[PDB]
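Notes follow the structure.
Yeah, one chain of the complex is gone here, protein chain that is, but the others are all in their spots.
Every chain is named by a letter (A and B) in the order it is written, and numbering of its residues begins at 1.
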Amino acid sequence: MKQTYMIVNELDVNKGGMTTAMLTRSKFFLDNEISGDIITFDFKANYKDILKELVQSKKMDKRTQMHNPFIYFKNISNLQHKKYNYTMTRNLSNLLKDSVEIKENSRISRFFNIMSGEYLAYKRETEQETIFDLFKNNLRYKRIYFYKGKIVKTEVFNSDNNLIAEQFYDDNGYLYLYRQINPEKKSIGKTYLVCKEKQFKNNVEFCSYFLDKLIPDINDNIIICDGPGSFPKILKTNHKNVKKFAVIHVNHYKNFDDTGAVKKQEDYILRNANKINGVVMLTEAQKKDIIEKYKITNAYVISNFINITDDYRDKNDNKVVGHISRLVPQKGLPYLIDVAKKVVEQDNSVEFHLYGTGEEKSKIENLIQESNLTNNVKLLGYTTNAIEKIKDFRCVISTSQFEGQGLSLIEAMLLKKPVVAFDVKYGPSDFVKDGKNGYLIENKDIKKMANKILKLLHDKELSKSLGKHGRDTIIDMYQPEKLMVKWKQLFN
Amino acid sequence: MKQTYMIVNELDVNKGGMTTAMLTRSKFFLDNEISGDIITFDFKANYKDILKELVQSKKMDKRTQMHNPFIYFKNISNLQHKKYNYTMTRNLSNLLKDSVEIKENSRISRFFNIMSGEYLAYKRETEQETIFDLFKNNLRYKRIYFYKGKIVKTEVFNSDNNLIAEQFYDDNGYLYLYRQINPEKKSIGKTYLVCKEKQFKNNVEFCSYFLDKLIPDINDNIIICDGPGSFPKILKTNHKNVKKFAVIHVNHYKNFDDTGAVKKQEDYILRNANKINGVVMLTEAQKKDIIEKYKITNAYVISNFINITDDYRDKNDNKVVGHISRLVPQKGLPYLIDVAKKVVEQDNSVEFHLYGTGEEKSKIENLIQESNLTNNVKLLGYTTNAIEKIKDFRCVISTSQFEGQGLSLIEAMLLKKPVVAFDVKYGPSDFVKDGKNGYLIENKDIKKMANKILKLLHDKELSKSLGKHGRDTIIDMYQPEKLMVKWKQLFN
Partner (left out) sequence: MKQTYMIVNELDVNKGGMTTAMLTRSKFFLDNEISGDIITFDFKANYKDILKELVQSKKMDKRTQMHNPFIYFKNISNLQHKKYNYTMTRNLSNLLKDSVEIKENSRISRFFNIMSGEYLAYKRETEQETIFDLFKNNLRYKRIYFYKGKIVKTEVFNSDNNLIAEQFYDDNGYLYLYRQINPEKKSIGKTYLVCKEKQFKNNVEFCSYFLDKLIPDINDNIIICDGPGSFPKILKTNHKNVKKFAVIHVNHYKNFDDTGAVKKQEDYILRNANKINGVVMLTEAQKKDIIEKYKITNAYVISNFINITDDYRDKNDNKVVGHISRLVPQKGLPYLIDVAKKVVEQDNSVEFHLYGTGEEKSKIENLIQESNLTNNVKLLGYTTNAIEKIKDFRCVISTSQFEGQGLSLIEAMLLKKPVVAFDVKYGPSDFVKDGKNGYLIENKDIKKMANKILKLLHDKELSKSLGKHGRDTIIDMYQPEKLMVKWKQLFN
C-alpha cells in the first residue's frame, strides 16, 4: 500500500484551499489503496481537539493521519524518563505563595508580594489555558503556557518584550526542544533537540531531520509538497529513493502585478524544479506560462479532486445576488461594488449578500454607503455553511482577477446554479462555456456583467438548463477515477 | 461647621502663590466657623517636618490640616498587620555582608564582593536619608529609599536606568501602593492599592478614590480646586451633593502668546466649567475674557485674602530700586535692564537690587555687563524675608507683562511704598490709581517709567502721601470680612 505524505505547515479549523483539498485528496487516494497522511510543522497543544472537530465535521477522513515534529519527539522524550518534573510547578506556587491576587477582570489577575514589594506574574485564565507572564523588575522575562494542568511551552523575552527563545516540554515535564528566535526578522534560528542531544542551524534542518526519521527511503512512499513554504524542507531531505512532488494551488504570478513578477515562494519551487520528481498544476494555462519561463519538463497537469455530493431538487428563489468569497484585495468584490451601484440604478430592490470576512471589508462597506448601497447591499455574516445556505440562490458573481481554480464556481455547477466569471486568470475558461453554461464575460466588464446578471435572474428555467448540463461537464472533465490514474502514473 | 477642602498637588517650603494664598484663605475661613483643610497628592516622607516648619514660620495656621493619599492608606495598611517586615532589611545586610565599602566621598560609598566579584550597591548617606542604588550585572535594578531607619519607597528601573515602577511601604514594612510609570511621557499609569486589593487605570482614579473615601457626600463639605492640574481628579469624583469650585490664580492666557491661546490646563477647567458649581477669578477683566470666550454663567469674582499686618513708621531711605520678583521670562525684569541702563546715563550712582532666582538670571546678569551695569545693578541674594528687608525702600518696579494679581504691589501699598506697574495684564489697574497712588504707566514705556521713578525718589513726602491713602484703597477694596461673605454665598 503506497504511503503518500501531503506536506503543509499548519492545519487549523475554519481554513479552506490547500487544507480542504489535501483532506479530499487523502480520502480518494485511500479509496485506491494509497495511504493519504498530512505532515504539519506547527506547534498546537489543542491539535487533538482540532483534528477531532474536523473528522466529526466530515472535513477529513478518519484514515487521514497528521505527523508533527513536536508530537513525534515529545513521545521519544516521554520514554527517556519515568517520573514527572514537579520542579517548575512547585517553584511557580512558591513564587505566588502569600501573594495578593489583584483581579482586573474575571480572567485577568496580577500577583503582588507585600513582603518583597515585587510584581510576580500576570495570569489570563482562559478555559483550561492559564498563561502566567512571569515578571522581574516590572519587566517580562518569561511566559508559562498551560494545557491539561501541564506546562506545554515557555517563552523568554528581551528588554523590548520581543521573543528571543521558545522552549517545548513533554508530558513528563522535561525539555525536548529549544529554539532561538532573532528579535529582528522574527525567524527561528539555532534549534536544539535536547531529547537526542542534536543541534540544528534552522527549523528547516529540524523538519528535514523529522521527515528523514519518519518517511523511510523507498519508492513505496511519495511526498506531495502542497505548501509553497515547506518546499525548502523537502529539498534538503537526505532521501534518494522517495519521490518528491510540488502541487501548485494558486496563481504563481504576484497579486496585482502588471510587471508579471512570480511570487518568490513559487519561483523557488519552479527554478529548483530540476531537483523534484514533478511540479503538479491545476490549470493547463498555468503550465504553459511556467513551462515557458522556467522551461521545465516535469510540468504535469492533474486537477484537484471534487465530490459531486448529490442532485438538487429545482431550488428556485431570488432575494439577493452573492459572490460567496472571502474579502481579498483582488480575489474579492472590489469593482463588484460599482457593478452593484449600476444594477441599483435599474432595480433598487435587488440586494447583494456576499459572505466572507477580510481587511478590504472596511473600505468596501464604507464605499457601499458612498455609492448609496447602505441598504442596496447587505453582506452576510460569513456563515460557515454555504452548500445549504445558497442552495436556492442563482446568478452568483465572480469578479476574481487572480484565481488558481474556480472551486465555488465548479460547486455551483453541481448545485445547478449559474455563474458570472470575469475570465481574468483563466481559472473559469475551462468550466464556464460562455453561452452554453454560466457567463465567462471579460475583465472590468461591469456593463456586460450587469445585463447578463439581470437576464439570468429573469430567465429561471433557461438558466437552470445551462447549469444542469454544466454539472455533467464538471463530472466528465474532473472525473475522480481519471484524476487518481494520472496521480498513479506520476507516483509510480 | 462647613469643611472646605483646598485641592492642590504639592505643598513644600520656600513656595508662594497658591500655596501661601490657600494657607491665608484657611485662617480667614476658620475665623468664620469654616474648617479650612488642604488636600495634597504628592509623596514626601519629610512632610511632617515641612508642615511643622511652615506652622512655626507663621506660613500656615495650626488648624489648617493636610490630607494626602499616601499617608491615609499607609495608616489603613499599618492596622492590617501587627509585626514588622524585617525581610528586606535583613536581605540588604546579607547582600552587603563581608563586602568592601569603597568610600568615594564622605556620603558616597560603593559596596563590592571579593568572593563573587560583583558590584552590590551605591549609598549616599544624607542626614537620616540613606539611598541604596542596588546593582545587578553593573546595571541599576532597584533604589531603596530610607527615613527614620525604615524603607519608605523602592524604585525599579529599566535597561536605560529610566523608572518603570515605584513602590510605597507602610511603617510596618508592608507594600500598600504599586504604580507602573511609562518610561516615555513619564506618566503614572496602572496604579495598584495592595492594602485594599484594588486596581486603578491612572493616579486620577486613585486620587478620586481617596477623595471619595475622605470627603463625605454632604453640602456641609465644599471643594476648592486651586491647582489647575488637580481639576481632572475633582471632575471624576463620584460625589453628587458636595459642591465643587475652581479658583484661577494666574492669567488663563499663555505666556508671550500674541496668538491669544489659553493654557491647556485652564482651558479644560473653563470648557468643562458646566460641570463644576463655579469658577472663581481674582480680576474682573479675567472674568470678562473667560465669560466671553467660554460663555460660562458660573464666573464669580472674589479676590484673594490679604493680611493688613500693621502700620509702618515713616521708613524713608534710598540706596537702590527693587523689582522684588522671582526671575521669570515675562513675569521678571527682562526689559527693566534697558530701563536701568537709561537711568544709569542720568544717575550712574543709582543701583538696582532685585531679589529672586530663576533661569533668566544668567542672561540678565550677562546683559547687565553688556549694558555697563556690572556695578550699576547689584541683584540681592534672593533673601527669604522681604517685608522688613525693603520696609525702608521706595520706588518699587513692576515690568510684569502677564500677572494674575499684584500681591507684592498691594503689600507695598500697606508698606506705604510707591510702585511702577506696566498695566499690561490689568492686574494693577485696580490698585495703582495712576497719579493718585503709585504709577500705572503703559507697557514698554521705559522712557516714561525712567522719568516717573526718578521724580518719585526726589519727592519723598509727596510719594509717601500717595501710598498712605493707597493702603486705605486696598483695605476698602480687599476687605477680609466682605470677601468671606462672597465665599459663603457661593458655598451655601
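A few remarks follow.
To be clear about the criterion, a contact is a pair of C-beta atoms (placed from the backbone, for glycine too) under 8 Å apart; a residue touches a chain by one contact, two chains touch by 3 or more.
Contact with the omitted chain, checked across A:158, A:272, A:298 or A:451, is made by A:158.
Of the candidate positions B:14, B:106, B:116 or B:297, contact with the hidden chain is made by B:116.
For the options B:14, B:106, B:126 or B:137, the residue in contact with the chain missing from this view is B:137. Within the complete assembly, residues 85, 87-88, 141-142, 154, 156-159, 164-165, 167, 169, 174-176, 178, 180, 192, 194, 197-199 of chain A touch the chain that is not shown.
Counting the whole complex, the residues of chain B in touch with the unshown chain are 100-102, 104, 110, 112-117, 119, 137-139, 159.
Following the convention adopted for this analysis, only the chains that are shown with their structure count from here on.
Put simply, the C-alpha centre of chain A and that of chain B have 64 angstrom between them.
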